[PDB]
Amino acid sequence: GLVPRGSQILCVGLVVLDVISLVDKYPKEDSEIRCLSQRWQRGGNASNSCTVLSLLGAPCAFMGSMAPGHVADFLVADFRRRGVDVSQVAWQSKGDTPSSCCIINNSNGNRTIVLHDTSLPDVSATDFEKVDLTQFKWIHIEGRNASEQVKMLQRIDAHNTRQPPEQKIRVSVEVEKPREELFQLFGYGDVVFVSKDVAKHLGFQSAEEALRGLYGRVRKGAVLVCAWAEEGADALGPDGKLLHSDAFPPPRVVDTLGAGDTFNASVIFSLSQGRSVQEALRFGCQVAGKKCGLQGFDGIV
């Protein structure tokens, strides 16, 4: 169908089928057991943010790798359940669609996780070349395979070079895995999200340390953003003023899975509506705080 030009927010990243089982006790090897309950869930960073953008009322699209098959089928139907545009998926001829198994030990809250295999090629710069960008007002990249994503980021840069300033496509970038390859991505994006977990691995002990210690790495004009769960969130832009919002914790914490993807999408959404950085931090924190008191994404409204 027809997508009006410059109307969609695109997220590029992982999607994965998560199978989650609740058990009485951790299973002894070679044993056969019944779980208390079991869920199949669409997972992944870029994937979660798409769900949030849709619920927020943004037209949105996902770009990631899948292989034809039943896993893909379940994931595509869930994507569509959430009003996500999947027309830019990069279908592969090799590899598994990512899927993962999690066992939550009911009597201690321990999570044991068999992560997906590593057989499916990530999205390539050549896959990205084939995409017509005019559809997109904002493009967001979950850092994964950096060297290739750098080329995608240069391609978008190139595109914007030729556009009026009101046909420019905004870009955001997430570095959430403490992996050296990823650190080059700081150089790209109007907006750069760094995770608490990454900040801590570089040895910063607070959002303020992280932002002040990393800002030197961002491109001129960029805003660097870092959320620290219960401690709220900071951003830092070209004017050197450290901004902050306190968390908006919920009555009780139910489910924090994907809370960070909820923050990222809300910040992106707010800014894409022309709100200020300060306004976006706050909204980001409000939405993510709500999410933490809910099971899944139903009701973050």
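Positions refer to the first chain, counted from 1. C-alpha atoms forming the largest set that superposes within 1.5 Å between two forms make up the rigid core. Compared with the form deposited in another entry:
- The residue that stands out in 285, 277, 20, 292 is 20, the single one whose Cα moves by 2 angstroms or more between the two forms on a rigid core fit.
- A movement of the C-alpha atom of residue 241 falling short of 2 angstroms is seen between the two forms when the two forms are aligned on their rigid core.
- Relative to the superposed rigid core, the position of the CA of residue 34 differs between the two forms by 2 Å or more.
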Second form
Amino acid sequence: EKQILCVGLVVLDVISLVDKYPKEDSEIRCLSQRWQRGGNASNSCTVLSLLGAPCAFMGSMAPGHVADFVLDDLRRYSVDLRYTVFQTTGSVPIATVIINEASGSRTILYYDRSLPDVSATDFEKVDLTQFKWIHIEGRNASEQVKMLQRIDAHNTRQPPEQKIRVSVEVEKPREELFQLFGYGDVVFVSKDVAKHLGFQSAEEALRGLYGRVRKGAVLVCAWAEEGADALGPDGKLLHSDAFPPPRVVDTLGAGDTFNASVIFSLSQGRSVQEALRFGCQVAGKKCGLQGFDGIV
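Next up, the form deposited in another entry in place of the form deposited in one PDB entry?
Only a single chain is listed, so you will not see partners or other molecules.
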């Protein structure tokens, strides 16, 4: 089977579990603290690997002990690391994550460490014939548009059944990312992006943004407890309710779990309605568990 490639950034999540959300200006004893490999596209590889899809991760890396921790972790999941881009400057970014044990909330303090991003030129080296699906985590959009253009160009020269399917995620409310709406077969837009653009529900977001996707695309917007919606070319609004666990313990990476699961379901040939439901079910199962392993 051909692999699913994810392009994005691995992050070191340094996770502090507390029994309540820290009141400002207090001192609180943490229940525990752990390191966990993170990053959106990186977490999606974890879930795709767990679901049984061969996959490859492409991101920048800076050698060192943090590098070794996260790369060792990806290897444990049998994620193909062929296209790691080693950088000679900067370092693996760090996210300081507070998990409220009472609600499973996650609050993320993020700190850029100036690691250079994967470039269009880096991407030119990928052997596209190896992949049946390529997922791109939106970050340095002007370069990513070039990567997406290279995939399109490849696709024109292939039969309908050998075309690489493409998804993109637009998760941060940053202007430069919106151009990515117009690329890919599947476009994931976050609730945060939606709300930043003045939309109040997944349905408003989809109706209000659909005109920006490429002809034939499916636009997907997950909305936490309210489930997830999608809108395709036929104009039909699709929805799944959320499937919460009996007790929500850890929502760090729930959206990434949703994304990977939708990608997997669609790549298996399932309908958008089915993918939305599967996505919500796996994400909801993940929320009732620490980390990712117990989803299967």
